[PDB]
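Residues per chain are reported as follows:
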Amino acid sequence: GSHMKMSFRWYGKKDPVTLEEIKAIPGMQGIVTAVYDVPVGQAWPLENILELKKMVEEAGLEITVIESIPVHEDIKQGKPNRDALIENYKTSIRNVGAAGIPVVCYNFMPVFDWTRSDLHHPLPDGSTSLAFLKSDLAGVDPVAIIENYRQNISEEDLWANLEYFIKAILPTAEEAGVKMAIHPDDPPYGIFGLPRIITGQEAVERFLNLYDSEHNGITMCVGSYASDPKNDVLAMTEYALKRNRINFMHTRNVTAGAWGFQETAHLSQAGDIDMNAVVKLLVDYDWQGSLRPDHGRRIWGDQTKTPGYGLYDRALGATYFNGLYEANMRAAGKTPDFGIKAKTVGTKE
Amino acid sequence: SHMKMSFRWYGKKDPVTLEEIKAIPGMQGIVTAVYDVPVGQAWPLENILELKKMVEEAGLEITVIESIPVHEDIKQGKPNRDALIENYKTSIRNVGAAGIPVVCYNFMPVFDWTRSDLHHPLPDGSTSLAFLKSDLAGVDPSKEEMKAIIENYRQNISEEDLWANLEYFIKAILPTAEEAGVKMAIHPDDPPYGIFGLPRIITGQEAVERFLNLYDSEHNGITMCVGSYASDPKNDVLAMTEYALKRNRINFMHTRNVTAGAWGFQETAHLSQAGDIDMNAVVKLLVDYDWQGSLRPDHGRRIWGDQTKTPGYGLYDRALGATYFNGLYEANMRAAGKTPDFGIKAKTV
Ligand SMILES: O=C(O)[C@@H](O)[C@@H](O)[C@H](O)[C@H](O)CO
Ligand SMILES: [Mn+2]
Ligand SMILES: [Mn+2]
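Residue numbers (the entry's author numbering), protein chains in the order written: chain B, 18 to 160, 180 to 385; chain A, 19 to 159, 174 to 381.
Treat the hints with care, as some may be off.
As the list claims (entries may be wrong) - Mimicking BS3-like on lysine-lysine, the simulated pairs with C-alpha atoms at most 30 Å apart in a straight line are:
#: 1; chain 1: B; residue 1: 203; chain 2: B; residue 2: 96
#: 2; chain 1: B; residue 1: 341; chain 2: A; residue 2: 31
#: 3; chain 1: B; residue 1: 107; chain 2: B; residue 2: 31
#: 4; chain 1: B; residue 1: 266; chain 2: A; residue 2: 379
#: 5; chain 1: A; residue 1: 341; chain 2: B; residue 2: 341
#: 6; chain 1: A; residue 1: 40; chain 2: B; residue 2: 341
#: 7; chain 1: B; residue 1: 379; chain 2: A; residue 2: 31
#: 8; chain 1: B; residue 1: 278; chain 2: A; residue 2: 370
#: 9; chain 1: B; residue 1: 370; chain 2: A; residue 2: 370
Worth flagging that the hints you see were computed from the coordinates, not collected in a lab.
Taking the hints into account, I'd like the entire structure generated from these sequences.
If you want it as structure tokens, here you go:
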């Protein structure tokens, strides 16, 4: 049965938005966060991880996803030395497994985690948001590694590098107790001369096939994949569900076609994704994991300076998904849960 | 078959801007009222346009006038009523001369609402309005004029008397409302039982039935505030909601979540498993019965440093409700065979 834990990303002590605040989003169960005091490829110690946990539980919550142990460019290049970095990932995994966290989320995106033309792009309703102006500055160098990718590393070269990678980490992930969740390349296509392999359905099916385990899975970022219209999320979500290989939902909305993409409000009809259908699937498949609103719009006074990661609209997403999940569960002859235990503190009957 | 997603606005003085109100996903209509005429007087169209001009420029549309206050001299049956009904006449007529289809209101002695506590702590760390019966036992409620108005209702105004004065007032203003467009929507009393020796008569199913019948006509209806009525456990809001949908008698939906008992009542997150109301059912009914009016997530908790000192009118949890309802509607619409719809026109500028 669907134990779908609603979640929020939180960057720790240094976040604009606080734990207490997140706590006040009704239905909110999980925290999604990362150890930030240790260089990429370098290995997370148990104590950085136990210090996040200690805090998160202190504010009546639990870390459901560790979002991103950063995958070092050397591994992404497949340079001779990677085994060194790779082992640090194993210690990271292990120690996550040692803090009682079920799911680590990563990406094998060379150089560019995301590409964003406009951080302040207007929208019909008056909000600004993130968009991908396919024309604007794009198709031009963003002023060593890049030319290595540009020149030698092919998609299949990157594929094999990735095969290498996860073939080395999994038996570890399996003994730690941690399911791996690859986050699609964002945008779901190669640009800037660099390769992006993790592009859609066939990519997932080769990916999933690299190591055949529930521990080896995807973070179904339905908004990322979908921002190239060539790929189709419902059947993509559906497929992974079918095979039992989603260990993390991101669930944000974005609008697109052959012109490029813009991020928008979460609500099904402010963009190309029918979000109802996405979750209705999570219902029918009794799916079990954490979904985050993930990215919002800047609305109201949101002084959150960092890009798409302010509290307000993200929280708006979340109760919208609460409403979606609430609904379909009953509609399914089921009873949805949000981890709520007390209604009151100090009356009841 | 479409419910318009609405939100209440206290006029020019509202610390919550229309831009912020416009910022909510799927938000459409505006719920507001005049503030510059003393009480039982006229409402010049000019005052209502001076507020409608401010609004449709900002993207929004008056879908209800939330409250022209019926004078006490009216409810009290005092002789001087006819003139103060003559000025409630104009109000009624002038409003329907500005496209606005619905006017909400109440017939409640002495106070529009009561609460023992304007900041009661909830389990998720936030604070919401509450009526704790016991904390308000040891209270004796112009000022002398109050000590006078209260004394009258206590001694010489029975329940039947208050029904009396409601009918006289109702068969007065109903023609005024039908010759204007305006559909009339009564707010149940809050709490939906008598307190401080004072009578209430808009309390439950039994009473809704008598009300409708006072004047059998579609522009003679109610505001279905599931929250007010569910503060009393003996009430069954699901059946109440259905009953009135059948008679075409719901002219506006408030949609607020409470928890309750013999102890009294506390307000909570709009989400169902936080309080005592199965919200999904209530919107489901709204979808089974092709309901055409507008719904307002009512009151919200005091979340996220929100510095609004007004009952439950802050922006955030009021807005978090909105989007929860956005989810529940849509989600249900698609299980029915219906296509939802919000304020959505152009996904992108
Ligand atoms: O039933 C109630 O008390 C609510 O509908 C409030 O909207 C009320 O009318 C006041 O405006 C809240 O202070
Ligand atoms: Mn994402
Ligand atoms: Mn109300």
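Any hints this thing doesn't respect? Which numbers, in order?
7
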